[PDB]
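Take a look at this one chain, the form deposited in one PDB entry, written out in structure tokens.
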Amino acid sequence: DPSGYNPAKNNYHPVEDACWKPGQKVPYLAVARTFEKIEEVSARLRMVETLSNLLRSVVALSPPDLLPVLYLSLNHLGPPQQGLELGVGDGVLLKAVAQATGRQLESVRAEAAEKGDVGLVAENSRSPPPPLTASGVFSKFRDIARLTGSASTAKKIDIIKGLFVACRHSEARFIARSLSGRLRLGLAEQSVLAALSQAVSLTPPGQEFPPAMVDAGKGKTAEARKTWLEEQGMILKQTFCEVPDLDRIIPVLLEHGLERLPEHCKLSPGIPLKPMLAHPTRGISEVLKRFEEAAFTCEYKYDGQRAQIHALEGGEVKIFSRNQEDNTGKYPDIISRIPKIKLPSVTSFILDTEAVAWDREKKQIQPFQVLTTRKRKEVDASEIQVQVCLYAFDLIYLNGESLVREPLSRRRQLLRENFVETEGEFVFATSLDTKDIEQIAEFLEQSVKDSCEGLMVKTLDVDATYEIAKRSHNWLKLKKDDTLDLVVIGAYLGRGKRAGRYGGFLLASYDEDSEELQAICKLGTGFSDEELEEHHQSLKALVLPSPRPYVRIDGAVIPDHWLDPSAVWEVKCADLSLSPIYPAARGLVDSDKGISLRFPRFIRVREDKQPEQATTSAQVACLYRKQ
């Protein structure tokens, strides 16, 4: 009976405590019940142990189902480079829920909005189908993803409808949450990998049934078992960091075990790697304190796309994003300039660059906003209007050899010798090797004058290995980063923990000339759970049927609930930006723009102030001009 499956129990037996038989398909109810127990407890150690217990049972009884269970737990359809997209959100899902239940769409939409979760609407509104299996549900997910073109939505909903029909207990709750993209399991790539290494360590794969070894850490002490499990997890995470492909890792892991996995999987071009990231710093003094005496280089903080350029032995080139998505079609201009950025001796590499929009007429750098207007579909180079300049700063791979273990001085050296620069097309990142504080400060202000967001600071020899998929403390960011009183003119219904309350708010400034409230930004950060739920009734009493005549929101998202302009909030923001969406001070700085708040954050309520005493739109334009 899969409805009683308790993978959170102590002394879990991968065979006797499982809700299915050997050689039999893993039921999806076992996965859903694993999701329930993971969410009921808060200790992330117990959430990993509960997921491992399911994986141990999968490994022991139904090994071919390990890959679908992992992807279902990660809410992914496959390898990130494959580019498989469901094309399903809340809109298609509620249409399927209303169609399966025979209810109207607005009644289902009203319920989904009030309860805040679409999975609760599908579960409660339940409307003889065989029991769902893990690989069966996963195959239906990939089937929904393959449907494209005209009249594909109805075909997607039909697959979803048949799923909701076969759903029992909490299966519909987690299928709807997964299809909406918000599974909210509490575990992701780090925790799912942790549970997998624990599973194959406790219940080794490749055994004859019945498995003679079910708890390999039985006689170990608590510390010894913890130490042995921590190092086994480091083997899997180190191998997966270099080969982030579950389609490749899992088959070899099941056949040769975890300890022999590094001998079969090696870093090579063609498989995208999660790039190295940096930690923010609050100033140059913190940089030198954290770096102690380690020599560092100062690099420009570029405002573009992190592009991983893979050149395969033979001549094939692929461009990958930071999220391991293939962008080779988005950049045909970069593909055509590959032969003129390297020496003839270069036959294979993995480049770590920054794709920055380039004004070829002015020989200047354009902001990231101009880069986002680039077509992302299959473009041809002749129609590219926003050219890009490549800014390389690291070399992961060169001519069959990996350089992740070499220091940055060795990697930067091999990058400057084997690659040739072309102005406005491919150049090395503007760097400066120095220890003088005054020289770093001038380099930083220079960086801003060249339309960059600051400085990247990286160690050169001490702790200077390329750390894949890691936000390192050996890379530091020297970035450039106002209090305003805005009127709450609308509310947005919340999800997740804010399901039954408000999750966002539409703020507005006061325009003195037209005597109108102009929307300026959206706000949902800076709130404690207490001051949100304890004050949600105060804003709920301000709900208006229709917006006031003096409220102007223009192209901003229409709020779910219009609120009577009466609440004035003190809001802090990193900086101000020109927005083609918000109408606040539209014609006071630019002719057809307006000013919004970048990363706003709630501070306090200003009950002493009234909407007409809020920060004026002229005051907003003055703050932007002072930037």
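Rigid core: the largest C-alpha set superposing within 1.5 Å between the two forms. Residue numbers count along the first chain shown, from 1. First, how it differs from the form deposited in another entry.
Core-based superposition between these two forms leaves all of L193, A166, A469, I159 but one with CA shifts under 2 Å; the exception is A469. Taking the rigid core as fixed, one finds a CA shift for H76 smaller than 2 Å between these two forms. Put the two forms on the same core and the Cα of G206 is off by less than 2 Å between these two forms.
The Cα position of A584 differs by 2 Å or more between these two forms after fitting on the rigid core.
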The other form holds:
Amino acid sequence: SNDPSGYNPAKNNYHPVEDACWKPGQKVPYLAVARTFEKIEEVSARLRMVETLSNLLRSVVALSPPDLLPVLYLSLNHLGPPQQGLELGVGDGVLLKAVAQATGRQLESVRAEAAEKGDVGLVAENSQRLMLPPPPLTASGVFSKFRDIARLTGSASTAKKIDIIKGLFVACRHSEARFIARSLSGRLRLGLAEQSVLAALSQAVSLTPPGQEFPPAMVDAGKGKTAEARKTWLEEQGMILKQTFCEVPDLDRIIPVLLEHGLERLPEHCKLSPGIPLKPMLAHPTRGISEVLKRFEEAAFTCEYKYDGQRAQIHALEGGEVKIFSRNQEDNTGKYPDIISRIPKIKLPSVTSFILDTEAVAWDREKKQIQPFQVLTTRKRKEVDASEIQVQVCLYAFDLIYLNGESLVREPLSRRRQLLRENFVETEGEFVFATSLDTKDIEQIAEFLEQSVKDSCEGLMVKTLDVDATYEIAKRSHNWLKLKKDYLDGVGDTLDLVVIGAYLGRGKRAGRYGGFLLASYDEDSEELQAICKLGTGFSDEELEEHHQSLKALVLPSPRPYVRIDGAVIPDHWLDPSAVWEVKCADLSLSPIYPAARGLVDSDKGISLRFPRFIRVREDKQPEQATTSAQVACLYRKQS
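Please give the corresponding structure for the form deposited in another entry, as opposed to the form deposited in one PDB entry shown earlier.
All you get below is the one chain by itself.
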């Protein structure tokens, strides 16, 4: 067969057998994957990306089915099922050390180029071999080497990781090192992620079904259909995969089934079950009540307090075992021994199994009061012993996904909410149903929004009760709406802050500034104090304007009246002059930023939660910026 360096999964009339660059039953070469990533990287149309990846996957299914699973994980840049918690434990620092060693270059040269180009991969492949090349990299080989890195732990493990990473680079050719480096830095940058990979996979197994005797008699099913019939058929097949995956987002479970039994029978084998994390329902932001009403204008809906904690998806298995997962399917069971011990107390005796959607919120037992998110994050994370817990939590339950052996994902929220209230028991400061309001009246919603904040919440979640009110993520992942005071114009906490530094952009921001350092004005000491960084809220056009206008203000050394304490040192110091209007959701007590240090806390300054750029204040000099005393005042009225 042809050399993988000429593989072209973007060609017209791609034939899964004739246009593959490996022989049947052979390991998929990693360069075939890298070539597919190149062709994905080169386009902006996502559906073209899907087709290109689909072509590779069709060849994998037709020629080397054992390599489908590693190829898929490589395309997602995942190490495996998220609940198993494999982590590379490799930062850009370590990665740049491996690159500098492999390329025979000095480290600072490598670091400077990586900062300039905003991509470690561009440094790895653009940099006299006394040794003949090692065996070519394979898709399954590379994937297992990533997992080897992830399993290395303990003192001296970074040295062993560098050894593995160097061995990969020495074996790379053409564009492989580019995507090895990008995978290790956690920034594959394809423009193609989970939904595109699902679409490519369902299309692949539909056009080129697995399990065929080789050579496969059916390599492009549905070519003879009308465009509309073909499109409808692929959507239906796509929905089978998506709905299975949202209930069982674990390719270790789905792929063996898919290859052995096929896509049509997949839902019979992979089913939602307690102990298997599933995808949570998400929410779209809204600009105000009017947008909520428009989006739900044909459906009765309920409003619920949006509690400020961490999502906890609680699984009670038949027999008594309890599992708790985060919103990203991480295993949090070892984090909440206290919650596990109180499960028997939240449910009626008749409840044998369930899956609950809850928010875990820090709770002050002496004051009987919700505590801020920053208190909740001080809980320990791994293998916590119940007696050691110092920050108690209260569960605010808002949905019920599974009850007594029966999935409720296809039931309307009216029924799910009714079953939650009927089968579970509230205990103040331990397990409580989310406060809710059923109405369409603007004024009642506005007052309820105001009350939620008074009762220590972020705002409101809005959910339809009967129309399109299911828990089917595959039909719409953002089926709920969120309404926060800081989404409203002319409302929320707005600050005028001084730009004192800029950071070189990465990825989509390469070649300009991707972020900025902002500061408030400390009247008392006559100093500007870093308060937060800022990297969102500007259009691409606005960001070009900033790059041009700020370029003229770059300083070699920091000004003596600018204090940053623990903040990341800017790549470019800027003459303090530009004043920007900046919005945030809350002010936080910061362990690094000096703004307003000593005005609220002896040792801590203040930063901004969810800061975003709004507009330039061309009418403002730096002396007219928000003062540090004003920052302290804003923080204090948060209560």
